[PDB]
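Produce the complete structure using the sequences and hints provided.
Here are the chains, one letter per residue:
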Amino acid sequence: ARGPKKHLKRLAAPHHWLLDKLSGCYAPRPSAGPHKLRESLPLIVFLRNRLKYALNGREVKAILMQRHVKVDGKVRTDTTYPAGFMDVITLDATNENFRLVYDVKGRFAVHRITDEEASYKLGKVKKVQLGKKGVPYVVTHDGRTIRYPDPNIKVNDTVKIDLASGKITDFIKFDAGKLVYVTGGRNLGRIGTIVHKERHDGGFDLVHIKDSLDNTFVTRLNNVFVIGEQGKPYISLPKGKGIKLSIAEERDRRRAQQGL
Amino acid sequence: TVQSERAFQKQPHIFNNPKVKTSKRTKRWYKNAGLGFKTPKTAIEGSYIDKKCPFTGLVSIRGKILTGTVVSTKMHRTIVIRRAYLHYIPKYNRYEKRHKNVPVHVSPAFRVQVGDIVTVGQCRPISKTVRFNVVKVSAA
Amino acid sequence: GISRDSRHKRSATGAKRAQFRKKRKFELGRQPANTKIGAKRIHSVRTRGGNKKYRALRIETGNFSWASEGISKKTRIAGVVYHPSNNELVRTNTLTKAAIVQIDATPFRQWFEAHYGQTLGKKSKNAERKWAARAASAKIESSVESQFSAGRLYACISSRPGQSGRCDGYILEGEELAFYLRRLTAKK
Amino acid sequence: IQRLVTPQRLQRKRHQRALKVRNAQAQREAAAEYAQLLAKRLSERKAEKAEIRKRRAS
RNA sequence: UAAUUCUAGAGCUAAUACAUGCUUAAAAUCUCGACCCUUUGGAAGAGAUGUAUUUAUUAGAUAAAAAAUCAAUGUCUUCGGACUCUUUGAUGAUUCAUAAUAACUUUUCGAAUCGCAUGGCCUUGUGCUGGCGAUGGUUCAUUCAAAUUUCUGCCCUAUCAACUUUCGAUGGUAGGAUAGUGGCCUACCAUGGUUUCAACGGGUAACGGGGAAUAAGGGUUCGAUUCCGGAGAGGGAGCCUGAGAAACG
RNA sequence: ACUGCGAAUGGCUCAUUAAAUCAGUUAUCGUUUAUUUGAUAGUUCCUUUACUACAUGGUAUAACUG
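Chains as they are written, first to last, in the authors' numbering: chain E, 2 to 261; chain L, 6 to 145; chain I, 2 to 123, 135 to 200; chain G, 175 to 232.
The calculated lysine-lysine pairs, modelled on BS3-like cross-linking and capped at a C-alpha distance of 30 Å, are:
#1 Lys69(L) to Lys198(E)
#2 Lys98(I) to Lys24(L)
#3 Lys74(I) to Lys137(I)
#4 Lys71(E) to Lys168(E)
#5 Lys151(I) to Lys75(I)
#6 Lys74(I) to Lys26(L)
Some chain G residues close to chain E (C-beta under 10 Å, calculated; not the full set):
#7 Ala204
#8 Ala205
#9 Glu207
#10 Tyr208
#11 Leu211
#12 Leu212
#13 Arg215
Derived by calculation from the structure, the hints in this document are not laboratory data. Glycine included, each C-beta is placed from N, C-alpha and C at the ideal position.
Here it is as structure tokens:
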């Protein structure tokens, strides 16, 4: 090519959006924004393929232009604005508040939360540096920079952000035995706790995570998102709570539950 | 000997004040390479100047790590390494031998004759055909 | 134009390569600017991105630097004596990096008397109050003051003039000067 | 008529002037408080690492 | 003027076009130094300090204890001066981030823009303050990208056994050029680099992969063609405008 | 009609090309980046308010008339 690309074809669209392969020829292509391309979800896949409120594209623009939909206490009208992990989607004419978080089979789940949990947001720590005129800042996974932190924060920790003023309340370190979400790969959406973490110099470091039913697995370091101390998260988890169920176990658990 | 080239030779931005006097020879500068590698004795207290050395020059080491035997030392500050493997052919269920030569760079801290076996690490492009330089050595 | 591809050379084997695409704009060269001495002529070229470079077509002054004292003043330049790449730039007096020129020594000498009060070669009470302070740091190397009778120092250029536009540098000192002066008066 | 004085243009340069004074006042406010936290955190660090030397004395 | 998205002369008036150009807290610290009359002095006054550009030189600590010492001093003066005194980020790894000192420059940026509302305070002057948001702006981060690069992997052919190096082929040193590394190009030097584990040359009615037909097992034969990657716009070469093209509506 | 943005995406073909393309895999401590999202700018009349506007400086042209 010569410049940037601007169309996304239909079969090349990311799989966990679940667009059906016969309705059109192209998919929505997500704008450049806070979250990466194949790790996010536009506002048109939310408002017509999950909540079933709108039936077209022409209906979604009619919703967005009435200035209903906010993200993180700020109004958006970009019809493919890229909402990603841990974002808060506050409609107003229904008094519903949502939070983007992962399913267990690997999907973005519809999650309703309260009116008080929708005042804050976690975020991990991607780098910490010394800026111009000697002040330091910190970069989160969604790209917020925040100057003047505590000195005890290091990288791969987790901050808590107040969405009103854009500030920090407290923070969680990163060591053995913590509650951890997994945000990328194969064991995607499972919740467990840290056994220990071995390190390879000049390579990709591996953590070992134990479930609650005590079965273990291994992922790279960067697909690991700290949530809280053991038995106590800071957010409202979905049903199943990140427990991997074998396919044998979930036929008959659907069978015996089938009593309607 | 160390001044044979037609322009003056120095680790740049390393200043000697003649007004002061201190019984050191010259303020040499030297770094630690990383990855559990050990800077040799003859680099910290040696007297050569080389632009492209891992312990003295301005190159980094990152990327791969290889290993192989040295088969030609006929250039000035480069050698050639031979590497040997096998290759599997599925229909016949068997292996066949192959090889590839790589050229690397040799700092004058090391003394490498033919027949030895070195380990080498990767740096940014040094010449037309060079992307590695030696970081350890073990004899024959 | 001048392109910087490696697709026109031969392999490490000697095998002659093949014509693969047409010539791409993002591998280009421009023309070498030779930098004469004279009145100020500086032209601006436009680069990748919206940036800017200043080509110097001829200039005459600079901004040179005394290391051991730590003072950098603005002077004039006179002519090049030595260039280690080819000696067809000394016979034309271009201006590259690593070129060895001569400057006029006047504002360094005029600074030196103001800082110390001592001559080179051969009255308020504030002044000798602090001239007495800078007493031990008075003397310098012999072989560098020994050209203050002529006002022609020896200095090398450390800025690329074809890129940055300017032409600055630093004074030769005795360790480096011992090398070049043995090179200067023997290779001719 | 273009480019005339007008009350509509008048308070715009008031609000623009009022912005960066009220803005940049808060920085040196907030910078001092950050150094205030760093001030006390070193103060215990002089004491709390001396207590190892109290134990190294014992 | 036979003519084409061809255009000449004369006369008007605008800008987020083009060209210029003011406003503002206090603090500290440096250099110069009127005087002063003195010991061991202290001083009026003056100027300098945003950011960006280019060069030079310093800080960017850290493995375990105690004296003798040369003086100086913070201090109770014990007028002995013994002492009753230090901070410092990140990486496997840096000349890293970031800070200071001298300067330097055909001197870069630091809102002479626009819609809505219309209020609070008064000595009531069109006095003084004051809401929501559009567009522009320098640098660091970020997202969509781009440019190069490491390891291993291709069909038939010896009726192709030696190939490359003037005219760069393989390496060293210094410059030029570029967004940037590099024989990418130019100077001086060295004589290297590939090969029976098939180099180099010849054929291809050869764009590469995901994949397709047949199938006990092993396999044989296809892939111009709905997805991702490259190349091209009658054949070669050259450049303009732009963040981005060697572009062909 | 001036100014701003886009026209470098998309669509079509398979001629060249046999260590090239291309695949799975690394690297940038070796570089440019419109846009988007988040931070970010009292110092700039000669001046610390002395002549010389900040209740706001100057020309030139388009469409249009002839």
